[PDB]
Amino acid sequence: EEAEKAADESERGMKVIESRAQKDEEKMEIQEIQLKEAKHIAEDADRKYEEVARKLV
Amino acid sequence: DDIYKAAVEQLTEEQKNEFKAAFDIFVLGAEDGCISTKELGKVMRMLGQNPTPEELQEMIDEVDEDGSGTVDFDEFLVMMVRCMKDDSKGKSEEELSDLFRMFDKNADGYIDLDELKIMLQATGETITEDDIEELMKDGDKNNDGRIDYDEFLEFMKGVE
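Quick mapping for you: the protein sequence lines, in order, are chains W and V.
Position 33 (the first sequence) corresponds to 146 in the authors' numbering; numbering is contiguous.
Position 66 (the second sequence) corresponds to 67 in the authors' numbering; numbering is contiguous.
Among the hints, erroneous ones may be present.
[Stated by the list, open to error] Partial list, computed: chain V residues near chain W (C-beta under 10 Å):
no., residue
1, 54
2, 55
3, 56
4, 58
5, 59
Hints in this document: simulated from the structure, not taken from any laboratory.
Beta carbons: idealized from backbone N, C-alpha and C, even for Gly.
Full structure from sequences and hints, please.
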């Protein structure tokens, strides 16, 4: 029962962890999306900066 | 806007043949115009280009000017040409140069607001100040108030 329980703890471990790993994959994907959006804002903010900086020159 | 049917003119036909051949696939089963914008990334990945999720989401916003998640063959061909200038062949730079000598009736080497104006009047198309200046700045890359010849090329390459 302890070994099967361990299997259940480990299996529940995986269900929680797999779901959590997926939640982390999602939070990670979200940070990727957000940093990319922010990065794209930065690409455009930097691009716009370059346009005004170039125009400034 | 008019660049839709422009591309419909500007695009070549051996393109649109395989365009429709690949266009045949989007239907995930029983679709008649319910195309989605999350799949814009995948469909730009299909037709032979190498797009990145940044531009995928931008065109999700930059296109779907109708907001319905839908895109006409006109909008299809334009957002082809408005990024990948599969335009009306930009007949040349040098055939263009012979056109440009006729632009500069004054033998300028530059299409000025005056030559822009007179040449668009030779079209018959009236001169609104935006028109010529829209054409000027879009061609007058140097913003000298006038479109020099390579200014005219980069201007009217990809142009009929």
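Unmet hints by their number, sorted upward, for this structure | Result: no hint breaks.
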